[PDB]
Amino acid sequence: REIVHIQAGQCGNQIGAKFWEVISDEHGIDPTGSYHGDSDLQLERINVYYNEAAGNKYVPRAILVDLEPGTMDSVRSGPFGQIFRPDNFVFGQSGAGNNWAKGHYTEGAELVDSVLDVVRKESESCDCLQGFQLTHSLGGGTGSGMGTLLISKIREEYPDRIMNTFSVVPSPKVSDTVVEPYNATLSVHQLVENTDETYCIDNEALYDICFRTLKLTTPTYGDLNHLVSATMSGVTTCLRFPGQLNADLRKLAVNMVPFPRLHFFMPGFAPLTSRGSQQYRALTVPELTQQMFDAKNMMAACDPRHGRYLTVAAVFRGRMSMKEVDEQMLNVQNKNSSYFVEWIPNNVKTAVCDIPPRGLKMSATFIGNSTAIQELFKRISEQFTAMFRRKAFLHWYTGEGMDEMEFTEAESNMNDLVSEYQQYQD
Amino acid sequence: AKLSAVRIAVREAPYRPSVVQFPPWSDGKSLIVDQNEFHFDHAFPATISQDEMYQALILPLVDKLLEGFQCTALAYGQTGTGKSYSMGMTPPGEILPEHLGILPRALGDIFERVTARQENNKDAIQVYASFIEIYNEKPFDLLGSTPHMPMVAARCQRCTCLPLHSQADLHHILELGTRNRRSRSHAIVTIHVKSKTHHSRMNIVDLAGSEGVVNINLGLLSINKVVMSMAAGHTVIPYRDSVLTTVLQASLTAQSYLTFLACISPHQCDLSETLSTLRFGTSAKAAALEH
Amino acid sequence: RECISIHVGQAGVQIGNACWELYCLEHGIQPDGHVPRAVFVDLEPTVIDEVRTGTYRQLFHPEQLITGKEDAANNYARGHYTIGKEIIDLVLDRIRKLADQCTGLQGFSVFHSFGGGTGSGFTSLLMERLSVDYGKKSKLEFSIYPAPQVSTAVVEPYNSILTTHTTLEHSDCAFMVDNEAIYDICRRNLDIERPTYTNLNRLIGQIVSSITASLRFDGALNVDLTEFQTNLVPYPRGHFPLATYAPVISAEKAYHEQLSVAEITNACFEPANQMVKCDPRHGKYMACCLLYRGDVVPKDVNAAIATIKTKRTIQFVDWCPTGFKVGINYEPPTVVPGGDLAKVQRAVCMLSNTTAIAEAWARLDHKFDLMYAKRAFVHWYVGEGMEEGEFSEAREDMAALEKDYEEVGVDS
Ligand SMILES: CC(=O)O[C@H]1C(=O)[C@@]2(C)[C@H]([C@H](OC(=O)c3ccccc3)[C@]3(O)C[C@H](OC(=O)[C@H](O)[C@@H](NC(=O)c4ccccc4)c4ccccc4)C(C)=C1C3(C)C)[C@]1(OC(C)=O)CO[C@@H]1C[C@@H]2O
Ligand SMILES: Nc1nc2c(ncn2[C@@H]2O[C@H](COP(=O)(O)OP(=O)(O)OP(=O)(O)O)[C@@H](O)[C@H]2O)c(=O)[nH]1
Ligand SMILES: Nc1nc2c(ncn2[C@@H]2O[C@H](COP(=O)(O)OP(=O)(O)O)[C@@H](O)[C@H]2O)c(=O)[nH]1
Ligand SMILES: Nc1ncnc2c1ncn2[C@@H]1O[C@H](COP(=O)(O)OP(=O)(O)O)[C@@H](O)[C@H]1O
Ligand SMILES: [Mg+2]
Ligand SMILES: [Mg+2]
Ligand SMILES: [Zn+2]
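Going down the list, the sequences are from chains B, N and A.
All the letters of the first sequence, read from the start, carry residue numbers 2 to 44, 47 to 360, 369 to 437 under the authors' numbering.
All the letters of the second sequence, read from the start, carry residue numbers 4 to 19, 27 to 192, 203 to 233, 247 to 324 under the authors' numbering.
All the letters of the third sequence, read from the start, carry residue numbers 2 to 34, 61 to 439 under the authors' numbering.
Please keep in mind that the hints were generated in silico from the structure rather than gathered at the bench.
Careful, some of the hints might be misleading.
What the hints assert, rightly or not - Pairwise CB distance ranges (calculated):
(1) A:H393 to B:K156: 40 to 48 Å
(2) B:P289 to N:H49: 47 to 55 Å
(3) B:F404 to A:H393: 53 to 61 Å
(4) A:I219 to B:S80: 52 to 60 Å
(5) A:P263 to N:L304: 21 to 29 Å
(6) A:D160 to N:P27: 27 to 35 Å
Backbone N, C-alpha and C fix where the C-beta goes; we use that ideal spot for every residue, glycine too.
Using the sequences provided together with the hints, build the complete structure.
Structure, rendered in structure tokens:
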């Protein structure tokens, strides 16, 4: 099987560097080097993310889409930056304006064809394609607009292969941009109707989880990114490993989406202990479920405790008892019968790889489909209206060839999306 | 919320030994095919006339439409089983009276009731028709200037509605749409009832052949998912699962009406296609629960 | 004389590798000896690959190892219809190519995992295409039906109410081994909270060895495969008996091993030892096939059983005077060199049809409804060449399996 990553925008891009920083080491691939793999198993399934050309050069099969040179020229001028074949860099030296409209209708719409071109060169690579990984932020141009287009096109070209989306939904407390809800509401819209698996991460849900669950005092972006990339590795790549009970994107999809919206999840990693001290090793297993299922530790902003779950997928990856795994999951399902929805006898989807995260003994990625994420699109949707009402920075959109009915559309859509999700919380 | 009513009817096409059996003792809503027993809301043998079928299945929806509820009547099934014939997709002018289908009959009763209530009228009512075609999961406006151009983010509402004042006008839109019409092609002719404060639709859907040889079927299919999602209140409806459910999104809402018309062949050679069509009816029948 | 076997689904393949292991182990045929007599099917390469990479690597022909690099999908539909279809031909070909090479066979021991994609769906049509190509044989399918509370897949029931209805009208005798109810045995009758799947497999890998292996093997009271279905199914429904083993004692902890027949047989009817969460909560047995192996005196049995026949609290069906097929083999069991199985010199792999499953099916059917009641993951099948029909019409199916398993019992 296979997949083809997609680094839309700067963020989605910045993260690319971290997702690939990791993944590679979790596959023994040095900058341009080959497979130094401490083992021999980190190779029989690599294909999922690379391509064979030389014999020591397995190049990441991702796409780097962005209308701001400097960015990709920071990712390509640093560490692992020199492993991507230049063909991968689909830049847009234009003005990468922070407008969803500027990267979806006017500026991005041009650079698109020169992207799809490659997304096809990579898809028609070899063997059988599974789906595409998509990273980006719903709070900017090259991210929400142009990346949200990249998919609307992808999903027309292969409505068969899957589409996981890793979105950095606009954090609450403080917005790292101003129109944010504009660029956001507009991209979520596109998401709820193309990709079929979305993993929403919040820069501040991370800080928290990174400053209190990792006594880490100076959580640089690199970190946040790093933590995130840690989860997306547990998801995909991982399951493309052996296991007593293994799954793969689809299983994950076909066990997690009760209703076609596409629904968004909230990823959570397992061993998340501070370096030295904490290295408690309390990782027998009840310790991992202890972790994963708590409020804090959910990369999302919202707290599960604020709304039932529809599905859950503990994708563990480290030798354990299909008994102490299958078992724990249960008590968990009974101690919290309250929030776990009922019309699904077994919400949880236990998954079990074998080999764990390179240096760790036992981990377990968590992919939750809780109704709690209602209380986020609400947020976003609110911010919109409060500012849409006055058409705040709307001239930067319309003036870019947009529509007063376009914004209406998205909000509503994504706004209805909130509605539905409640239809199950009850 | 839930739809006001989801109904399923089956109509046996004319025989050219029928595989379709109507039990000597039954409620008139049952049939047996290949030893399988099927139960719906209406089971019409090949002898049922257009008038009877319309009166039993569609006429009741006319009042609902006038009251402001969205209505959809959809024909599905194997090619050559009478879908177009039943829905009345052929221009009325070139059709004998007794063979006139659902579209012309419905429009007739709509005008009559509108003219009878235009004096104890609150507001004025105007009638229109739109003709949309879905070719390979792509919406096309057959009454616009670009009938061969795909639609996007607007096929749901933004599409030409031509005025209707008499059967002649219906004949025009059907003839016009048919000419501008181009391996599956679904047709959706909608009779729009518009007032200053209300807009109700009567969607007459004529799907392409369901026979085989995303997956040809998928609309209706997608339709069942929508019906279920609404019942269980998934607080996200899979409208975008298909172009069909996207175009009919405004009509697939609470206290809307949905009526399925399964057309089946009485021929042994079509047994497999017939069974597929009837099994789908049973599924839609179960999804209609809680409504 | 023989009995081919088709291990379908990752699980049916893991269990397969296991049952297949125990085999050579008690037949003195190391890694590289003769030639198996089965096949391996899966729509996820990486798993069958485990049989291509791991142990018992060269004991198979890359011909009896079928794979569909494509996608597994934990959904019946896709595995049965859409995808699973493409492979079937090829699959069959082997069970027609392997079925020919032999000499007057008896049937195909099928190994699948009820609630899976490749295991539920696929087989559904595999067994399906068999019942027609060899109606004149035995179709005993050995299943691992859905843990009563510890299921895995979110949809599981969808996949198991569908593998039951499609296979029902095609199997001869369906053996059942409950994944969870086996854990209990690993906790309560062996002590270990560290049971790897690789263990449950060693277990069924045992109970199964008692079925084919040893039975098709000479003895003082041989029992052919046909024998089963005959002495085991009272009615055409591909009736599902339950597998049970007796000396499930730990090869470390306790040691009373020397547990004469009189004991090991009583240890079969206590509900805490039956590889199935179908505790005889009321289910009246209606036929049991006590397969013994090792040093056993026929009188010991034709007495140990007599004592049972008169315990009454073990209530057998009415319409059944005597329902005890005593199968005696010679060669004692053969435990893994150093797993965790005791290693006695006699065992009792008793299987049976019990009005008990009236439960297990019930509890699994109900599940289904809850979700179907909301269509839950329905769009996943529809979009895979299925319809409201197949579900609703396979639900009605089992319905008459809840009435069937009710009527054939509880009444006189
Ligand atoms: C001596 C020793 O055992 O060191 C550990 C360690 O101290 C701890 C604290 C690690 C450490 O992780 C962090 O401090 C961290 C920093 C930024 C963001 C997130 C986490 C570690 O850096 C991370 C590193 O993780 C791995 O090696 C995994 O394979 C992981 N790899 C990466 O994230 C990675 C990092 C740099 C370069 C390339 C990859 C992984 C996880 C999931 C999927 C794929 C890969 C491990 C075990 C450790 C150190 C090295 C200190 C922990 O994290 C992980 C992801 O394992 C933090 O809590 C856990 C518990 C570990 O015990
Ligand atoms: N006893 C036993 N049960 C197993 C084993 N592997 C899986 N199972 C059980 O069988 C079911 C899992 O089926 P899956 O592995 O998801 O799927 P599959 O049937 O192989 O086919 P796909 O869904 O297409 O992958 C669960 O109920 C597991 O508890 C095993 O090795 N032994
Ligand atoms: N986790 C994370 N968030 C980022 C990174 N870079 C920008 N962001 C977030 O992305 C949003 C800004 O969008 P940006 O990526 O600049 O848009 P674009 O570059 O025009 O497509 C803010 O909410 C930031 O917190 C990053 O490297 N990691
Ligand atoms: N109930 C009927 N009475 C008389 N003729 C019919 C009947 N149903 C079908 N026909 C005729 O059969 C042919 C095919 O009907 P049609 O509706 O075009 O099948 P479909 O649209 O399903 O492919 C047309 O001549 C139609 O007039
Ligand atoms: Mg037609
Ligand atoms: Mg599998
Ligand atoms: Zn002793």
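* Non-conforming hints, listed in increasing numerical order -> Nothing - there is no hint that the structure violates, so all of them hold.
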